[PDB]
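Heads up, the chain below is alone and in the form deposited in one PDB entry; it's given as structure tokens.
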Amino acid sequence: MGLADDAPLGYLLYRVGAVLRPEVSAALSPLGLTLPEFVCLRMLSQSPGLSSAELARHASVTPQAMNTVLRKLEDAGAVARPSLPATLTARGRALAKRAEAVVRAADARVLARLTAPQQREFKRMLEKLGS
């Protein structure tokens, strides 16, 4: 998409994305999670028993990449031992919630680059463009 539209709106959106993604990744790192691992974890907390293929389609990734993500999550004891169905362990559910919290905090950290009135204005304009 950043490759697709290099005109100003698409480019500027892309650049904010390229700030937000590392912010989120950096926030997840101390929890032992990559961004794709977190996405998988969150999907499974919201939909227990989804298969790897299902997860891979919802994340728009390859079944192989999702299998890898799932293996690393099993290794961390977050995903239960088993394209197979997958579920979270107690540790996994706890981790999913802690991780969602640090991601929301990352989001706020990027937004806080703007003053409070600027944040309200900016969100209204984003909302308009996205509605």
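Numbering follows the first chain given and starts at 1. Take the two forms, superpose them, and find the largest set of C-alpha atoms that agree within 1.5 Å; that set is the rigid core. Compared with the form deposited in another entry:
- Positional change of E23 between these two forms stays under 2 Å at the C-alpha, relative to the superposed core.
- With the core superposed, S51 shows a C-alpha displacement of at least 2 Å between these two forms.
- The Cα position of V61 differs by 2 Å or more between these two forms after fitting on the rigid core.
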The other form holds:
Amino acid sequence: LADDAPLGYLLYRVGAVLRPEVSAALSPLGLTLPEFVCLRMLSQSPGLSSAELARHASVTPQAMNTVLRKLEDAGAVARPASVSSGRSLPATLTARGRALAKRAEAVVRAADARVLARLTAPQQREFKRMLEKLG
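Please move on to the form deposited in another entry, as the form deposited in one PDB entry is already shown.
Keep in mind that what follows is only the chain, not its partners or any molecules around it.
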């Protein structure tokens, strides 16, 4: 049928507008979108599985694991001691990574503002309320 736009398709197109602008906004900080996903979500949920991080970042779990290894090698994500056990604590942000995540969150906030700029301010607030009500 020629006149079919399902909700999932509309969401995907908003995403297709959004992801390149978020990437371009993150580029001056040396970050990709999956790295920002990893940083912020790890700042909210320590040790969150690579599978869910990959699901959120629209990447394969292998690619998200490479993201994790790079952020760990760069000193942004640490798995600390856990002096009681033989295994480490859930993956967590360092001071390096938390300052990094704060700047990335500023830049991503601005990028979302530029994507939302095709609506009026009340339309933007109402649209965000609808998104929160749907999710």
